[PDB]
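**Student:** Assemble chains B, C and D with the ligands onto chain A, guided by the hints.
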Amino acid sequence: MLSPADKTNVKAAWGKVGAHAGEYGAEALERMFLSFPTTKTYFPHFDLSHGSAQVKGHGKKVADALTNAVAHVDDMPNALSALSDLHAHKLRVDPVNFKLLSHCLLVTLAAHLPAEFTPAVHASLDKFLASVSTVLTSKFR
Amino acid sequence: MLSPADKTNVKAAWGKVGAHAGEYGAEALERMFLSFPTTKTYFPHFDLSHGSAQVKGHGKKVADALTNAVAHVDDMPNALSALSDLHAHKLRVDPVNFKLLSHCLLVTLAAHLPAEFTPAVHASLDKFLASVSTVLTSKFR
Amino acid sequence: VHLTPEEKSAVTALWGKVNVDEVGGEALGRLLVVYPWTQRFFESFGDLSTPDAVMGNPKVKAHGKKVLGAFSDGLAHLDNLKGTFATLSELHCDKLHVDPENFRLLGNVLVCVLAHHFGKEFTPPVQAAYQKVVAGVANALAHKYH
Amino acid sequence: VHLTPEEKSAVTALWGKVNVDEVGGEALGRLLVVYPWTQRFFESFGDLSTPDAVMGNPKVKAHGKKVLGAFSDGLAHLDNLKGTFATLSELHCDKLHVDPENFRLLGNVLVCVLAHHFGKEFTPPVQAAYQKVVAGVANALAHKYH
Ligand code: HEM
Ligand code: HEM
Ligand code: HEM
Ligand code: HEM
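Residue numbers (the UniProt record's numbering), protein chains in the order written: chain A, 2 to 142; chain B, 2 to 142; chain C, 2 to 147; chain D, 2 to 147.
Derived by calculation from the structure, the hints in this document are not laboratory data.
Please note: incorrect hints may appear among the correct ones.
[Said to hold, decoys possible] Straight-line C-alpha distance at most 30 angstroms; calculated DSSO-like pairs for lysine-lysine:
{"hint": "1", "chain 1": "B", "residue 1": "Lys128", "chain 2": "C", "residue 2": "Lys133"}
{"hint": "2", "chain 1": "D", "residue 1": "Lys121", "chain 2": "A", "residue 2": "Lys61"}
{"hint": "3", "chain 1": "C", "residue 1": "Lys145", "chain 2": "D", "residue 2": "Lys9"}
{"hint": "4", "chain 1": "B", "residue 1": "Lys91", "chain 2": "D", "residue 2": "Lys9"}
{"hint": "5", "chain 1": "B", "residue 1": "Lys41", "chain 2": "C", "residue 2": "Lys60"}
{"hint": "6", "chain 1": "C", "residue 1": "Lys60", "chain 2": "C", "residue 2": "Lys18"}
{"hint": "7", "chain 1": "C", "residue 1": "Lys145", "chain 2": "B", "residue 2": "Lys12"}
{"hint": "8", "chain 1": "B", "residue 1": "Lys91", "chain 2": "B", "residue 2": "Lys41"}
{"hint": "9", "chain 1": "D", "residue 1": "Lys9", "chain 2": "D", "residue 2": "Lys62"}
{"hint": "10", "chain 1": "A", "residue 1": "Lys61", "chain 2": "A", "residue 2": "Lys8"}
{"hint": "11", "chain 1": "D", "residue 1": "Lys145", "chain 2": "D", "residue 2": "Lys133"}
{"hint": "12", "chain 1": "B", "residue 1": "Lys62", "chain 2": "C", "residue 2": "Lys121"}
{"hint": "13", "chain 1": "B", "residue 1": "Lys128", "chain 2": "B", "residue 2": "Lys91"}
{"hint": "14", "chain 1": "A", "residue 1": "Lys57", "chain 2": "A", "residue 2": "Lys91"}
{"hint": "15", "chain 1": "D", "residue 1": "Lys18", "chain 2": "D", "residue 2": "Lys121"}
{"hint": "16", "chain 1": "D", "residue 1": "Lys145", "chain 2": "B", "residue 2": "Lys57"}
{"hint": "17", "chain 1": "D", "residue 1": "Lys96", "chain 2": "B", "residue 2": "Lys140"}
{"hint": "18", "chain 1": "A", "residue 1": "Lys128", "chain 2": "D", "residue 2": "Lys66"}
Isolated chain A, as found in the complex:
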């Protein structure tokens, strides 16, 4: 349950991310691949090499999803209907990986928005990513 303050925090947070969201997405994927090499069994057709266009590209894709989820902080289930259709019925990504993508997202955020990455921001952002992973894995069964 996102609190108005969380929503506010998120908006704030990501507001900052601004034009580097794609770069971050990119960074966070690369970061997941390295730290949790099992997350890779889902991208056998990618070039997981440092600075790959596939990862860059994909980095972009996710960043954007994230973005849309923020402006729609209030109606995620609806805004991410298609992504959850895809992940539940096509991709079929095991839920625990979301926990890993999310961690990774926050590692990168913190490394990049020091002044903004406060305890309460951190908290909101944990909750939100958590919120979106919940959306993404709800049509699982």
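**Tutor:** Below, chains B, C and D with the ligands without anything else, positioned relative to chain A:
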């Protein structure tokens, strides 16, 4: 989301447990503690010794809940509201633990309901506890 | 990993009673029915549309025995699981790209079938001990992932 | 852990630059803040009502340098986190009754704090390294639970 069929199976199997839910409830618990001893950390004030009266008392309450949740198959979140509040605000029981106990509850019926424990039901049943677990963990945040 | 001798023996004892031909089948079969997303890896197997489609599938049936046999062999080297599963672990990663979690689903499914077939004979502590085994096999199978 | 010679120095050298006091206090501070339920154990600390109220609590900061210390000490026995943490392992279980799960949370939170602190320096591969340690440490503390 339980299908009509899911529902039907749950009703049928729980139906057969009927009368022994308490002892199955309790056995599930012993199964739990014995197989996953970290779960024990939440009952530090309990006599966990074999044939513990604390444990059997405890198992009864848990099958009771299930029976009531079975009975409110169409309104679980509300019927279980009471209990959801407890585990989320008092007990503060890690969600992980839940998948451990559904596990053993699943294991116990299997050993008690041989003719009923078909793939279809095993399947419906897994979905159900998965569902009950979901409600119980809803108010964590 | 941490199998006391009495756990080690209780394990072995029961395992004496198992019909790997048929237990394999029910484990895999049931796997495919309980967690239908696991179907994705055997699209090759044909009809999996129904529980009977699956349970009965001769293909499902045979793979199950292959699986279970690999497993049985693993029971005979409870001291060097990692090593025992070394080549299969790489295969699972490098070739089938099977997320390792899949291995703990099979582990749990399995415990159910033992429960199912052994009933009362499958006591808490025996459950307890089997639990360590599949825990250990899944870890074993995931060791070479990268 | 299964730390690469190479990975062992990255870990080793970053840490070298750690302001134990500072890092210490913020990780535990952020623990309680990001995961409220973790405060069910530090009732005794006082006002944990608010972020600033938590981050401010000196009993909190104090406890933090104490934990980081142990961590710090464990980084020097990366070949034996198990034996290094056994006594502490029995404590959290037998005395504290902390579910091994919270160990994992802290791990992450320390990663986030380090990420926070070193910016650029906190490279993917170097994150890749620490991740493996928070991993081992968490696991070693969990070790003696029963
Ligand atoms: C924070 C949660 C996540 C978000 C917001 C997210 C978002 C997205 C987006 C926007 C796409 C693009 C789909 C398209 O090509 O139209 C996508 C696809 C994909 N996602 Fe996710 N994702 C998340 C988590 C994950 C995780 C944890 C994994 C696996 C570990 C994953 C695996 C994939 C894969 C394999 C694809 C397709 C890539 C390709 O084949 O090009 N996703 N996701
Ligand atoms: C199938 C999932 C579960 C169900 C249906 C369930 C049900 C219940 C019920 C009905 C109560 C008693 C409330 C009362 O006093 O009126 C209870 C209490 C409790 N539950 Fe759960 N529970 C579940 C999972 C868990 C898990 C996984 C844990 C921890 C590993 C847990 C820990 C506790 C504890 C510690 C208590 C309080 C016992 C006492 O001090 O008397 N529960 N639960
Ligand atoms: C501990 C559990 C498991 C063991 C011991 C095991 C063992 C095996 C063995 C011995 C083979 C044959 C190797 C070969 O073809 O050279 C195999 C193949 C395979 N395994 Fe596993 N397996 C396990 C779990 C799984 C799971 C859970 C999945 C999917 C969710 C899976 C997916 C596959 C697939 C798709 C194949 C190849 C099928 C084919 O022949 O086309 N395995 N496994
Ligand atoms: C691997 C990570 C951790 C390490 C190395 C660690 C280490 C320590 C140490 C050295 C103490 C000293 C207390 C004494 O000697 O009496 C302690 C106490 C304590 N720890 Fe941990 N800890 C860790 C994680 C956690 C987590 C994640 C929690 C809870 C969420 C926790 C809860 C506690 C509590 C409640 C105490 C009691 C302090 C006191 O005596 O006032 N610990 N820990």
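**Student:** Indicate, hint by hint, whether the structure satisfies it.
**Tutor:** Hints versus structure:
1. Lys128(B) / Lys133(C): OK: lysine 128(B) and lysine 133(C) at ~25 angstroms, within 30 angstroms.
2. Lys121(D) / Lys61(A): holds, 21 angstroms
3. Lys145(C) / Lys9(D): holds, 20 angstroms
4. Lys91(B) / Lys9(D): violated, 42 angstroms
5. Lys41(B) / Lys60(C): violated, 42 angstroms
6. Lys60(C) / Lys18(C): holds, 24 angstroms
7. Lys145(C) / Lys12(B): Given that 30 angstroms is the threshold and the Cα spacing comes to 44 angstroms, the pair is violated.
8. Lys91(B) / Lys41(B): Roughly 17 angstroms between the alpha carbons, so the hint for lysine 91(B) and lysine 41(B) holds.
9. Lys9(D) / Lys62(D): Between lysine 9(D) and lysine 62(D) the Cα gap is close to 28 angstroms, so the pair holds against 30 angstroms.
10. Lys61(A) / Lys8(A): holds, 23 angstroms
11. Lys145(D) / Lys133(D): holds, 20 angstroms
12. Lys62(B) / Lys121(C): Distance ~23 angstroms between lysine 62(B) and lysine 121(C) Cα, so the pair holds.
13. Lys128(B) / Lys91(B): holds, 26 angstroms
14. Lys57(A) / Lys91(A): Holds: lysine 57(A) and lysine 91(A) sit about 22 angstroms apart, inside 30 angstroms.
15. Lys18(D) / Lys121(D): Answer holds: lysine 18(D) to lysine 121(D) is near 14 angstroms, not above 30 angstroms.
16. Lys145(D) / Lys57(B): Holds, because 27 angstroms separates the two Cα atoms, which is no more than 30 angstroms.
17. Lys96(D) / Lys140(B): holds, 28 angstroms
18. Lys128(A) / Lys66(D): OK: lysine 128(A) and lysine 66(D) at ~27 angstroms, within 30 angstroms.
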